[PDB]
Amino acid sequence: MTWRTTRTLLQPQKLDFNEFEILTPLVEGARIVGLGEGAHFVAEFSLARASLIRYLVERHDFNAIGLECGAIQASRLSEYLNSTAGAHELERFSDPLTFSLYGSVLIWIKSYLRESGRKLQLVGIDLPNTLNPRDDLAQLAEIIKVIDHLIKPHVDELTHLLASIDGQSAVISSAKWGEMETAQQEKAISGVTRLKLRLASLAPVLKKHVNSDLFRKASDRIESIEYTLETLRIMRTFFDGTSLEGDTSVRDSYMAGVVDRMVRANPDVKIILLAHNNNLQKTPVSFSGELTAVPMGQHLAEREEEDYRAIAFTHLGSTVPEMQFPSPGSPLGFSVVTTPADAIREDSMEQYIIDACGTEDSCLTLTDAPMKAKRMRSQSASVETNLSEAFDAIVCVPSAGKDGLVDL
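For the sequence just given: structure alone, the form described as "closed conformation" in its entry title:
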C-alpha cells in the first residue's frame, strides 16, 4: 500500500498517471516539491524528472521550476524556453555546467511547453553555478546607476576587484579566488557588506514607484554576490586546507532563502525544485569531505506552512557517473567518469526497493512506514539518515547511465 511499480516512469510521452496516485496525498497542500537525483548527469534521472514534472503540472497545477543556477543564468534559460523565431538552440542560452546538469530536461521542457500550450516560470534558486560574480555585479551597477548613483563608484571598484573570478565552475573560480591577496579578498567582502547595509537602510525611499522593482532586484544581486564570495572562501578551504565542519551549509541556506522569499512574495506559485538528493534532504547530510551539513531541504522543512515535500531519486545500477577531482586539463576542473556505485546492503533503501517492487522496472515508495532502510546511494557513495524524516517519497530506476549530452 506504500509502494508502487511504475512501468511508464522513464517514458514521459506515454505516462500512466495511475502509477503516481501514491503521491497524491503528500502532494496535496504542497507548494514546494523537490525532485532529486542520486547522482548528477544521469539519463534515467532526467527521464524520471520529466515524467514527474508532467504529473505535478498536469494533475496538481505546479507552475514554476527552480534550478541550481543563478537568477541571471535562469533568465537566459527563460529566453530559451520562450524563443522560436530563429536558430535558438540551448547552447546559445546556457553555460557549460548548466548545459550538462539540466540540458536534457530543458530541451524536453521547451518541446513540452510548446506542444502542450502550457506555461511555467523558470527560477534560478542558486548562486551562479560558476561562482563568477560578474553578471550579478554588472546588473547591480546598471540598477544602482538609476536608483542610487552615489554608490556607483563603490560598485565599480568591486567589479574591478573581482574581475579575475571568471571560472566556468566552482573549482575554477575558487582557484582564481585563492590567487587574490587576502587583503583584496577582505576588502571585497567588506565592500559588499557596506553596500548591503546601505541599500537596506534606504529601502523606504528606493521603493518609490518610479523605481519599479529595481530596489528588490538590487537587494537580490547584493545577496547573491555576498554568498558567492563566502562560498568561494569556503570552497578554498574545502580542498586547500582547513575546511570547518558545517561550513558547506552556507550555499544551501542561500538557496532555501531564495525559495522561501519567492514563495511568500508570490502566493500563487507552486514550484518544482530540481536539485540533488543531498540538497533536497530534510535532515543533516554527511557526505564526502563534510562531516555534517544542513541541506536546503532542512531549512524549507521548517516553514510553518509545512508545504515542502522532497522526493529522492536513486537507482539499482552497478555503476554511476561520478565527478573526478582533480582533473588537470579538463575545461571545468573536473571530469565525469563511470565508476562502480556503492554496494547495496540490507539496511539500504535500494534493498527495500528490491524487496518491495523487485528489480524489473522502476519503483515509487513512501518513506513513512517502519523499515530496515537507513542508507541510500548518493554519487558513488551513500548517505545515512532517518529516511522517514529525510524524504517524503523515493523514486528508484533500474540503472544510472551517463547522460549522452554531457561533455566533461
Contents of the next structure:
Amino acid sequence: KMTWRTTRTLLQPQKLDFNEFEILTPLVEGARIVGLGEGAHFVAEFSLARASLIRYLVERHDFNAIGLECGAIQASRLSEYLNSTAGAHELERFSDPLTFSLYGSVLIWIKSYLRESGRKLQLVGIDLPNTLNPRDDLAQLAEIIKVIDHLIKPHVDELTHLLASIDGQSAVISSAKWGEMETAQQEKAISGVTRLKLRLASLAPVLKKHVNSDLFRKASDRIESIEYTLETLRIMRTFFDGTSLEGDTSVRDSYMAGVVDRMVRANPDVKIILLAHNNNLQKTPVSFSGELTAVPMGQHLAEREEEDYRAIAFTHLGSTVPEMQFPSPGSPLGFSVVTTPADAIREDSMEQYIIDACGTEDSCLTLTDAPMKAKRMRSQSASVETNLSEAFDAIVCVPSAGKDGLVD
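Since the structure above is the form described as "closed conformation" in its entry title, I would like to see how the form described as "open conformation" in its entry title looks, so please show that one next.
This part shows the chain on its own.
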C-alpha cells in the first residue's frame, strides 16, 4: 500500500493547512527542481492546486523561481507585470493570448501574493516562444551582435526578413505560415541559424571579451531559442503532413530540458518550481498506445547526476475535462477549449487507485513509492500508459476538472 493524504484545503490558497503537505518534505528534501503538473491545460482546480503548492514550496522550502511554458522574452514581460504597481498594470498588456490562457489565474494570484507577502520570485521562461514566433529572439539577437559581432548583423537582419512571415499567436498558426514558405526558404533559414550558432560558438573566447561577458551568453540563448523554434515549426508541419517520424515531438522537450539544466547550475542557489503539463514533467517516454510519442523534458532532467529533480503530476476524477479542439476557425489561437468526456477510469488507472484509497469528494495527495497495478493516467482527454512509480514522484488528484474561468 502507499503513502496518501487527503488535503481538503488544497484547492483554497488563502486558507491552507501545510501539515496536509508534510508528506512532501521527504522528496522536496535535496531537490532543486520540482514540477507542478496538470493533467490537462485550462483547468481551474489545477490552477488552485498549483497556487497552493507554490505557496507551500516557497514558504516551507525556499523556492525562489517559477518556470513557465513561455519563451524568456515572454517571461521578462511577465516579470514587468509582476513588479509593476503602476497605473493600468493589467496582465492583458504584458502577456499574449496563449500565455494568458495557460497561466492567467496563477499569474494574477502570484502578483497579488507577492504584494501581500513581500516575498519576491524570479519568473523564468523555460520554453520556446509559445507562439513559435522568432521575431523577438531575432531582434534582441541583432541588438546584441551589433555590439559583439557587427560583421554578421547583415545575416541576422536577412534572417529576420526571411522569417518575418511567421507572426502567429499560437503554435498551429505559425506552423501553418511556416508550411506556406517554399522549402528552399525554410532550408535557407535553418542552415543560416546553424551557421550563426557555429560562428558564435567558435568565437566565444573573444566575443565574451566585448562589453560584458553576459551579452554573448544572451546571444547564444537567443540562437538556441531560434534554432529549436524553426525545428519545432518543421516537425509540426510534418505532423499534419504524415511525414511525422515517431519521436520527433521530443525536440521541444529537449530544448526545455537544456534550458532548465543550463540555468540551474549557472545559478546554483535557485530552487525552481516548474509549471508544465504532466506529459512534460514526466520521467519516462510518453506513450498513449505503446508508441513512443516523445521523450519528456523530465526524462532528460532525471538523468541529471545531482538527483534533485522531482515530478508531481496532477490528475482528477471528474467525468469531463477541457480539451483542445483543432481546428477552430476565427479563434485567436487556431484551437478552442471544449468540455469533453474524460477518458474512462479502468482497473489499471491511477485514478481508480485514487478512488479506492481516498474517495471521490476530497482532493488527495500520494507518493508513488510502492508497486502497483496502475499502468495508466488521464492526460488531456486520453491517457498515457507508463510505469507510474518511475514516471512521477507524487500524484495530486482533485475531484473534478472544470474549465478555468478566464479562458475564452
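Residue numbers count along the first chain shown, from 1. Only residues modelled in both forms are compared. Heads up, when I say rigid core I mean the largest set of C-alphas that superpose within 1.5 Å between the two forms.
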(message) Core-aligned, between these two forms, one residue among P204, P267, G289, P153 moves its CA by 2 Å or more. Tell me which.
(response) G289
